[PDB]
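A.B. asks: Following the hints, put chains B, P, R, L and S in place on chain E, whose structure we already have.
There are 6 protein chains.
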Amino acid sequence: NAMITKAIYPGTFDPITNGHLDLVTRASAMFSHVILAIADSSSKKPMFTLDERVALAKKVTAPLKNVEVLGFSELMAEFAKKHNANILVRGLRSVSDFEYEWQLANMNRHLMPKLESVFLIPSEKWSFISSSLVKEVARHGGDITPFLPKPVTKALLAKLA
Amino acid sequence: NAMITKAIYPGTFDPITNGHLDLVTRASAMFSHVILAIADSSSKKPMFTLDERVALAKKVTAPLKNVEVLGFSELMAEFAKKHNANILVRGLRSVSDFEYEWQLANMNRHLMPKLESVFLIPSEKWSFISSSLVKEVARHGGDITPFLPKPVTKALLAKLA
Amino acid sequence: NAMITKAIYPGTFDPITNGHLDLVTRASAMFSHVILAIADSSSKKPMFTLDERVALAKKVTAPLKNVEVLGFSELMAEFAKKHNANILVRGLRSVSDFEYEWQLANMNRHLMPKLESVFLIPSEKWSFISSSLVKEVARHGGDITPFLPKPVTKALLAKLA
Amino acid sequence: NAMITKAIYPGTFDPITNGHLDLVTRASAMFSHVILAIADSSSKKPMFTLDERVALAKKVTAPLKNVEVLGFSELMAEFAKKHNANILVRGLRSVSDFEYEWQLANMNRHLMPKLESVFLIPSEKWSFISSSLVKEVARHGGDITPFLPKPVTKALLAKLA
Amino acid sequence: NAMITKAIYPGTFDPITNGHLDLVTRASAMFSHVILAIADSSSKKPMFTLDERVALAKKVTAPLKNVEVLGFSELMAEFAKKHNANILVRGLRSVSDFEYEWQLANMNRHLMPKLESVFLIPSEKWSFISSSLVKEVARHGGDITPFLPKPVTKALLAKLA
Amino acid sequence: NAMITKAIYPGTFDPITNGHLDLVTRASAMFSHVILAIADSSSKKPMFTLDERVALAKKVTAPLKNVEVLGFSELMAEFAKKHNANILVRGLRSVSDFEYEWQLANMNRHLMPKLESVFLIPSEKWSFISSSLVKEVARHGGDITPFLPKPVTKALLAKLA
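Protein chains in written order, with the working numbering: chain E, 860 to 1020; chain B, 860 to 1020; chain P, 860 to 1020; chain R, 860 to 1020; chain L, 860 to 1020; chain S, 860 to 1020.
Quick caveat, the hints were computed from the structure, so don't treat them as lab data.
There could be a bad hint or two in this list.
Stated by the list, open to error - Straight-line distance between alpha carbons at most 27 Å, and here's what the computed BS3-like set of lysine-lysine pairs gives: (1) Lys984(B) / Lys1009(P); (2) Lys984(E) / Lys994(L); (3) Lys941(L) / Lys973(L); (4) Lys984(P) / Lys1009(B); (5) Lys904(L) / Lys1018(R); (6) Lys924(B) / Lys940(E); (7) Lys994(L) / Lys940(L); (8) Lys973(B) / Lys865(E); (9) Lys903(B) / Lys924(B); (10) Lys865(B) / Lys865(E); (11) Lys903(L) / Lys994(R); (12) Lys994(B) / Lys904(R); (13) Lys924(E) / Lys973(B); (14) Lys1013(E) / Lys973(E); (15) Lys904(B) / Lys917(L); (16) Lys924(E) / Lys865(B); (17) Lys973(L) / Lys984(R).
Excised from the complex, chain E in its bound form:
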């Protein structure tokens, strides 16, 4: 019995990393449709504007047919309801991640009871990768090429040099 599963994968993606890419690629294999959903996150003062983050995520998800990249600024749950998504995908890289995802998953069960939160663990290759430490390394001209897709490295380097 075939089904349409529509999933959202929301985050700040500032910038999208090899870790994010691994997760959305796996979500893409599992669900009928995936929205890679980029939170405006204004109060976080992101390095990249929302438009830049949308452009970068489009470049790296281009080969995934059933993935669409969209910017949003409302609650992730309202965004899911707006797009008729029934699954919310989140990454769990470690124990510190777990606390917050548990709180958030419970909040979201209250806000949208039929939205199911599901968690994916990145491959051990990428699991230690953190947008913030990569940005800190790049600020000092350290080599970050192992952690970011090629077009993302190029934009991070331009944004700094």
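C.D. replies: Frame of chain E, contents of chains B, P, R, L and S only:
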């Protein structure tokens, strides 16, 4: 674009709890087909024989149309391959759970690279519930009715009284 | 042998949540007198002024006879000494909470050796509730009524709308 | 407004350590009456019989006027109800401890809703001390005198030599 | 100012894994001399006898000039004192590991104050690898070749087939 | 076979605490040479300027012959390469520390593959000590003398009074 997602939900289920039931019910809503897969687990010396555990899981999953209950004794990954499952569902109740699931998910990526492990957090109602503590409470005639489906409570009480 | 136990329950309470209320209600049942102690916390830039937070905590603790609400800006330990409190009550919602409470409890043992720190775990109903995520949800008009006492919801909604 | 607070401090205490002693001493200062409650724990196969563990705990709690030592084999919650205790005291030495205490506290809220579970963190002097590692060190004639009260060291050494 | 640093790396090594090998290789690069120290561990009922575990560790550490493999059954601290070691090397694969190592490091500071405990994190390649799960996978004929040195895989397979 | 081990111990040290001092003293006993390396950390807005932090660390490490104090603002890995250090020493006070050190150690393995990261656990005396909580206590005139070397206490008190 509709898809057939076939998931396995493996565990010892000795006995199946309200926590397990919440997870398989959610898996059932998300995937085309779910096998609730009961590990023989001989070296764990379960309270209930495999047959008893299969019978109890059938009683409590009866209303879920797309769920099938099966006993197995091989590796969970080989079991998934045998049944053409592409998703392995596991519960994460807390931080202690996370360590082991991370190790197991990585092992399973090696054994069956196209099998995707996905994690679900039980509702806060059930998250503290642990088959072992419930069994310990039942051994002393404590009331365990909040933690187990009714037929499971009845069989636990008979197995002890 | 009857005793006077005087406890302080200190925090930022910005705003007081159903979690805080559950803890102070339990502290109230256990100890002769409880001061719900609201830290000025200026460097945290709270959403609500100290006066507003005191007023809200008075509204929701009104039915607890042996609870008094007081604003303070000194060290919690000096505040306890000033009010002759022998017990300092803190909540532990999760593992992340534990680290900080351990550090703080040890600091406080040095500052006031006869002040005893004791920890309470909120009911599973409220344990995921975090003032910061509730405030984030409210900023977007999400429904926060399950997480806050009614007068607190009303003041949060006015403070934002 | 003076109150009678009756607390139970239950555990296996095999044997009672400097950590246990620090906790019961603090409980003794806070509550009207403390029962140091020693679980038979038969299925744990303790090093010391219940009688030996009761005798050792009596020797080290002798100076605490309001502490009574009692052996029990029922549920800790039924034991508390039997003795009219309204507080259940448990130690939290670290994060691993937290998981289990959370599960247990929630179970006990179901079994005895008016019994309040409260947690104490041992002094940094004793917090790493674990009955099992001390027993392992003693088996090889390592010096364990820093970790156990003097009469407990003496009985551990006799039980082994 | 050149120094002789003598380190011990103690464990059950049942059997030695790619994780153990990565750690001893790194210890070998850092210290003048490393004893890979294999605990008899009788009460753990190891899969491999002490002699077999010593032989396997010799095969895989053969290329490391400054490493010596020795079986022991006393306390690791007394073993270090016996061999004039001033450094005790332990692996930390995750958070669960941390609790126990902290307890053990503190115990060892008491038993041998001049012995320094130092911790190494395995490469992300090997960090999820656990002797017990590998043994469980091998029992069912799963492929374990990514996790063990070649001679260890060969002996594990003979020990089971 | 004697060796030159050159270690770096990098941090913000704002200000150097009894915990830092315990670690550098232990590093000093183990390695031929230790650079106590003080990160400019401009974006952290430290309480003490880099020069003040260098001066304070020189005062408290004066008795350690093989320790040198240096300020730096590049990546810790490039700093190590610049000074020919082969060991990077970091403290692990608790579980929360572990997450970040794991990420950082993995980043540093990429940036400088022959630099070995090694971890030390402070003595239980100092393990709860956190520069930030000490600074918070000092701001209110709480007694911080147990947590800081005497010259550091004196400079913290002048910097505030």
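A.B. asks: Checking one constraint from the list: CA of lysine 924(E) to CA of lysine 865(B), max 27 Å. Satisfied?
C.D. replies: holds, 21 Å
A.B. asks: Sort out whether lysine 1009(B) lies within 27 Å of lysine 984(P), counting only the CA atoms.
C.D. replies: Status holds; Cα separation ~23 Å.
A.B. asks: Given the hint that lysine 984(B) pairs with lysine 1009(P), does the C-alpha gap stay at or below 27 Å?
C.D. replies: Given pair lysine 984(B), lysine 1009(P) holds - Cα atoms ~23 Å apart, limit 27 Å.
A.B. asks: Hey, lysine 904(B) versus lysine 917(L), does the alpha-carbon distance stay inside 27 Å?
C.D. replies: Status violated; Cα separation ~37 Å.
A.B. asks: Below or equal to 27 Å on CA atoms is what counts here, so check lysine 1013(E) against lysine 973(E).
C.D. replies: Violated: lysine 1013(E) and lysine 973(E) sit about 40 Å apart, past 27 Å.
A.B. asks: Taken at face value, is the distance from the CA of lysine 984(R) to the CA of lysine 973(L) at most 27 Å?
C.D. replies: Holds, at about 19 Å.
A.B. asks: Does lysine 904(L) pair with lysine 1018(R) here, judged by a C-alpha cut-off of 27 Å?
C.D. replies: Judged against 27 Å, a Cα distance of about 23 Å means the pair holds.
A.B. asks: Assess, step by step, whether the Cα of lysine 924(E) is no farther than 27 Å from the Cα of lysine 973(B), and give holds or violated.
C.D. replies: holds, 18 Å
A.B. asks: For a C-alpha distance cap of 27 Å, please report whether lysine 973(B) and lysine 865(E) respect it.
C.D. replies: holds, 20 Å
A.B. asks: Keeping to a limit of 27 Å between CA atoms, is the pair of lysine 941(L) and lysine 973(L) held or broken?
C.D. replies: Holds, at roughly 13 Å.
A.B. asks: If you draw a straight line from the CA of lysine 994(L) to the CA of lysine 940(L), is it 27 Å or shorter?
C.D. replies: violated, 33 Å
A.B. asks: Given the hint that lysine 924(B) pairs with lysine 940(E), test it: the Cα-Cα distance must not exceed 27 Å.
C.D. replies: With Cα atoms ~26 Å apart, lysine 924(B) and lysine 940(E) stay inside 27 Å; holds.
In summary, the numbered hints that this structure violates are 7, 9, 14, 15.
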